[PDB]
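Student: Residue strings, one per chain:
Number of protein chains: 4
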Amino acid sequence: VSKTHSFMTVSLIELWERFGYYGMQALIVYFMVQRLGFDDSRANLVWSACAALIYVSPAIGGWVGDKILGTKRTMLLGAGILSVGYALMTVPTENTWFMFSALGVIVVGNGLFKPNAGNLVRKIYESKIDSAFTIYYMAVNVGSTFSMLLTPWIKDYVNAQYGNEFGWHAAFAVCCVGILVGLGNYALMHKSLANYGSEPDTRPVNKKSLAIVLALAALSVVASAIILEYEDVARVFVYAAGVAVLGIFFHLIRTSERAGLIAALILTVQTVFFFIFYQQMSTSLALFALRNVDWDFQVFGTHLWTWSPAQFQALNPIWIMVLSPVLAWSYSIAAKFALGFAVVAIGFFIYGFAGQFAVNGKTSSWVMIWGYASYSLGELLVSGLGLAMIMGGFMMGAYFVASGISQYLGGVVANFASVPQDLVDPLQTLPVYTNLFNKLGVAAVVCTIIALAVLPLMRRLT
Amino acid sequence: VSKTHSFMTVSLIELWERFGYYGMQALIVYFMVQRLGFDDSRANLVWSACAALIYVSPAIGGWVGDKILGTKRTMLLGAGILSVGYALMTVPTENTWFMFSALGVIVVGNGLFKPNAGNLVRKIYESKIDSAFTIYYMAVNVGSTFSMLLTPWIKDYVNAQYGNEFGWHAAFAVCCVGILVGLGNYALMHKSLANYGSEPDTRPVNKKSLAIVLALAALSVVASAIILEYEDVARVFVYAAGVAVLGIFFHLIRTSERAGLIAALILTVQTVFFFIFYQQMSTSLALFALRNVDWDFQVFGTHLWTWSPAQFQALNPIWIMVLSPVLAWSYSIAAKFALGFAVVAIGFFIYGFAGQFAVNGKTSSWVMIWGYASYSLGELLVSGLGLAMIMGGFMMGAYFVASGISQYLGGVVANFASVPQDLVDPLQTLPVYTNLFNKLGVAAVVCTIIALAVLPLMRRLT
Amino acid sequence: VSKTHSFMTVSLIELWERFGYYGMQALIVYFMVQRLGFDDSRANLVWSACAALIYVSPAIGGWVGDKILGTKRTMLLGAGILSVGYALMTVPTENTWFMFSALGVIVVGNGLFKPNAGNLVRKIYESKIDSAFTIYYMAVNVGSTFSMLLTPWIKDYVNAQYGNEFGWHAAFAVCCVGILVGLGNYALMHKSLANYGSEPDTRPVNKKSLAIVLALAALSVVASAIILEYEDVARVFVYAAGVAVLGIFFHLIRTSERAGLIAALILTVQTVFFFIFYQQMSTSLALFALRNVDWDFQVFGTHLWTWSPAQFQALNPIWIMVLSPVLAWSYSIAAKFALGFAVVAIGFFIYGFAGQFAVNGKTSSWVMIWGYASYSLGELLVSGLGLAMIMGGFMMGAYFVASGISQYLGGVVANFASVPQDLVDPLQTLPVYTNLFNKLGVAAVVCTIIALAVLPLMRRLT
Amino acid sequence: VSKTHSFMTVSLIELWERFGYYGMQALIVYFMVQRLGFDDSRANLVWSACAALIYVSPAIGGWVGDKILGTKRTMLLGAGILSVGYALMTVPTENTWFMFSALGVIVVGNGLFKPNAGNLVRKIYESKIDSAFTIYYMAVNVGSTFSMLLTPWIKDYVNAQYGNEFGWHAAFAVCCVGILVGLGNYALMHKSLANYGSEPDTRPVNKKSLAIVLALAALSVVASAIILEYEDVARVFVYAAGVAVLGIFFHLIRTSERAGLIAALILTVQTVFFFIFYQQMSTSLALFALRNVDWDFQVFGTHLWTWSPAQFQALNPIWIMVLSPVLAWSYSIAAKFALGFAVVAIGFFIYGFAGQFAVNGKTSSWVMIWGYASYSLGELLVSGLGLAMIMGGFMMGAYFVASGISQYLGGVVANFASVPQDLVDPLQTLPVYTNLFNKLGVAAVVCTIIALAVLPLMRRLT
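Line by line, the protein sequences are chains B, D, C and A.
With the authors' numbering as the guide, the letters of the first sequence map in order to residues 8 to 133, 137 to 266, 270 to 345, 356 to 413, 421 to 492.
With the authors' numbering as the guide, the letters of the second sequence map in order to residues 8 to 133, 137 to 266, 270 to 345, 356 to 413, 421 to 492.
With the authors' numbering as the guide, the letters of the third sequence map in order to residues 8 to 133, 137 to 266, 270 to 345, 356 to 413, 421 to 492.
With the authors' numbering as the guide, the letters of the fourth sequence map in order to residues 8 to 133, 137 to 266, 270 to 345, 356 to 413, 421 to 492.
It cannot be assumed that every hint is accurate.
Below 25 Å or equal to it, Euclidean Cα-Cα: the simulated DMTMM-like pairs (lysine to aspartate or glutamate) are [unchecked claim]:
id, chain 1, residue 1, chain 2, residue 2
1, B, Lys201, D, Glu270
2, B, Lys10, B, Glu133
3, A, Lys130, B, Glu133
If you're looking for bench data, these hints aren't it; they were derived computationally from the structure.
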């Protein structure tokens, strides 16, 4: 019909699928602690190891749909794998297979979707696509905001009303229909994109091609599955990649004429220094949100509402929507890069800094609201790196696999919070929580220096 | 005679008529509490419901004088209705008809004046009329400053000197001669504008036209009158408008080709989010100025003067005159819009924040002087909206009637201060005043996000 | 010889004559309190009334030397009247004629000099004379700095060594040779300016002209003298000027076509609002520096040096030399004017604000160092007014005589510090000093509004 | 081979030789206090007097290598004199000849190197050599950072493990192989610079020239040696220079047509005002780091690592690498010069300011980390002076010799910390340390005024 009339049907199906994902990534780390009876140091590792599967997952979906099936059926097929992916999550037992089962089932379902969203959006224009994409990114951001503000309040509503543990699984179902919502938001308008097809679905489909794809999906389903039964295999797949991915450049650091490669490695070794700090909010900060912070969010002197145990992790698409034409105040190179590490640094100092004050037995209620603004403030302006530094065929995935490796090592950082499950009084939990955030932040200042230390070398080579 | 010699005779008659209005809007809310014996929750509603009549009132006067009588006689006729409008106010009884009588009598007297002031000023130029209007607006602002700084000090001077309640009515008479002043400021110079007539008073007047106008005025006088005898009718006129005014766009949100209409609704639904916060200074803050704040305005350690109970509401044309070429510091789109909500937000936090400290029995004397600067700081730069976004015949008044509806809902916000009239000790009043301003301000931060959440959508459509 | 070689001989003779003047204006107010046995309220008035003679005094010298004798002999004759002007000051008795005698003897000696300095400097160029004058002004400022930092330390050195009161007169002699220094700094180089003569001393001198000039000087000497014997005559000369100088514009406010005159009066009535606040540092602050401030200038915790009782008034050519290419940070109308009043305002609040804290019996040692920076910060950028707004013959002196009238009214402001001379314990002096500086500063904020209140009227008329 | 391929072999040999030097200038002042049994006031003077030899030392090496031997062999010969220069330092006795011996042996070894580094770098370009040099300067700065962070931790590792004093000499050997490292970093690549020779080593070498050079070196070795045996000779060589170097301009202040010379002296007398404040970090602050500061670097509440007694002096190439494209924020004359003195001033106030608080017996652990940032903040932007103000043959070294004289007078400033070696309890050391840093800083503000006091004179003469 029209350009902008075409634009919603990929915006809105993203707006609902993205709404599905964050309901998982909200409580599932905080889930497997007090209900099941996991220790916690086992439990930190799981989503830790899970996340590395997920950032590398746009590569596979970057391979499949643009080359085999066509984008649109891959945009179709990437949908309702999450339909199993939470209906399997919500069957109310406690047998610990289903839990670790469907987590990897998400991955190809995530994978066949995320570089299949914007890739067609990149071809309804043919370049001020930011004027198209900043609809979409702030369509993600309006969409992702609706998510975790809601998706544990359902979990709050149940488990002192219906009687037993029939509620943790219930809130999982909220995103389950939410992806089924995103079906019908497409299904009732799936004629709009008909003039903007990819390149295989110009021609009709191939079941000779399709059966292998779902088989290699079903290969990858079980491949992503067999991890969390005895976590040592997660190490062994990294130490074959994590040696050979530094070896990816060993073919062309000093052997290969144009040393922008190692300067792209200079960005790359800097890039891994990001994501190691991120995963703490999905890990230890969630444990920090369990047995220290009071849930009596009192402004000044009055009384307000008790928080969730974990809608803290919903604050993150507030600030990347607030501080996001603010950080588009242009007039009023990758080192804007750097000083954001110091934001992450001064982020971390705060968390002992209130526990410095208000020992009450417990911590101090507030704290977090300026915490999450810090990490977001560097998070906005630093993507596009080797995707900014635009002979390719290895240069493509070289940034990707290490990025997932960078995603992995947050768990092996965060392990020091392992209070034994016998220590009950949180007068003695805080002194082991204070000994981790500061010395994480001490070296977090030291990170700032290292980009600056080689900083004037870049201005010449460009 | 001359252009600038013509310019005073509309400036000065505005400068005196505007001087009349604020004497009413100063104490009349604080009037009907401790003298009559109203509760207070009845009393908040009255000026609350009165104000909605007044912002819609330039529309009717925008219809009458430019089309029927001519501007000048409408500029004449809009004057001395206030002459009854305060001489009726000042007759010293306590029978509660006169009070609610003349309040609506103001309205057409206000109505036939405010878009008849500047409309001729718009035609002594034929466009840097801001270089004409910023005389006028700061002629309003020099004029409006003289007002409420004075108009309750008269009320102070009486009621412990002359003996009884013969003083509340006395200060009302100060503006009564003040409008009679504005007669003679015109009447001794009413030959100057003779070359700048409208379009009916090019021709001679029509009593065949005039008698209906004053009849429809006298219709509207009683129509505006019959409200405050049993306040439920004020609801019922809103719920016929407030449904049909959202229905005004229902003819042309999704039916009507050019979606700037709903983006003008995006400004509009944002616009209503303003005025709901305004009316608190004309309502609850005045009650907050009665039985908490000490009147011992002590700078640092010395002694100064006891305040009025309500010249606080005079501070508002100070700051919109101070901060008003400051906010014309240009080089050193409607989202400048937005962050002013955060000013209104951080405005409100202060009021418990001093009561947080100086519990003395009572509150803490100071407080307010930085309070009123906040609301003004957003108030300067946000008008001109659909009057900035310039097929019209419904688009005109659609912003207006909802704006008065937006004016209305402040009273149904502010009702929570209803202390029963038996509770005397203000040690127990403050804990019910602290429970309202914070959670008004809590969501006042939440307002800031919502313009930002859809903010990048505007830059494309223009 | 050369341009710049000519430039010193008027720079340096200014640099020494200006060095002479400030030695007087340093302690002479603080002189006539504890030695003689004056009360203090008599003593405040004297330099108060003296100062008004002095700012009007460039007008008379603006008349004499450029028209009668020639600049150079008037530059000569304006010198060593101060030679009597301090040798008369230093004769060691206590008879109170000499004191009030030579104060007015300064005036014509000041008068025949200050507009005779730069007027020739204006004609060694024939216009980037600021590149000439900012040598000179910062030659004044390097010169004036050497002054009062030294000229009471001599007074410190004597009066507990030589035995009696033979020292107050001694420090007066320091500037006495200092003007005799400025003789020889000219006298050993008085051939340099020989090619840059005025216009009478092109021709030879006239004793027929000269004898009247010194007679009218000797008329003006006794005329300036007969003031301080019974101070009521000082009123009566103002109330003939101060009525007729407002009457100077009464010929041409509303009678005289071009209303920049009253806008120049708008600057003028604003201009008088300056100087009323200035004279406090030459008056009450000096009394505030007598019997409150401890002289134990302790940085942090150690020990430093005891101050003078009055080198505080030497701080003022420090800051107008520090903050003076700072305030020439241009890119990184007279309302820059205005906000400097708020600097003067926030200046004054400090003085009770430390006495708020450190009641020790006495005040708090520090205080002043940020005080004097405030008054200077507005003092730099506000001269040149009607001398900026460039049919003249009355427009010239109209700003001048009111400026001296503005100089006068500081004394009738500062009178409220009149502690009776019997009250010894400074525990009870501070509560009458706190009651004056705040309410001076309360209205000092109110001054800021008044320029802003008419501020947009100026941008049109220019 | 290539330009940038040539660029390392002078970068890296600088990067290792500079790495050698700072290992000495780190602990050698703190060395001769508690081990040997020196008082301290003798010990301050030694490196104090040593430093003056070192800044003048680029002049001699600016004479030798570019004119006699050729740069490259002078770049060769300037290396391994430090090889003796620390192997002599490390022979484990306590006879106090070796200590004062090899300190001057450094000097010609430093001298034949520092203007022989960049001088060839100035001729691999032939002018955006800053785009070459900011590699090098931040190659110095990446190199110099590796230094003192490490070179007393070796000294920590020994002297409570191996038993006795066999460790102070051990850490000296760390730089000894480090210069031997810088041999092989050249020696394994000494064919790269072969096309970029100086001008003597175009031709073959001369042993008829060489033997005098090493003899005049061996003259200068003993000449620099005979100082510290009885320190009065160090005075007598200054008072022959320090009179005649002010006499260097006495030939051409007022005798010599172009007064930029004295304005270059205006920079010069300002320039000496720098370096007097510097040497305190190499002197008294090191003593301040001995017997006041606790070594329990506790962030907030936890526990971290005990410091060194002197890696504080390693902080200085952190900040001049952090704050060094920050201070290259250009758009967002020598008076940028000036306000950095106020940074040095507000630097010094801090050191009593924490001892003001946390008297514990001892001082307060933290303190220093914001201290060293201050001195660096002026240190970046102020070099290049008479090397910026570009008839030479005396104008060259005139800035140099006074700069070393300026280097000298820090020791005669810092002498006031001479606690007698008997006073043990550091409750009584701090009150003599507080009495020095403040009144050093009191006049440090006074320095700021003096450039400003003559500041507008410069803008005309250029």
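Student: Hints broken by the structure, by number, lowest first?
Tutor: Failing hint: just 3.
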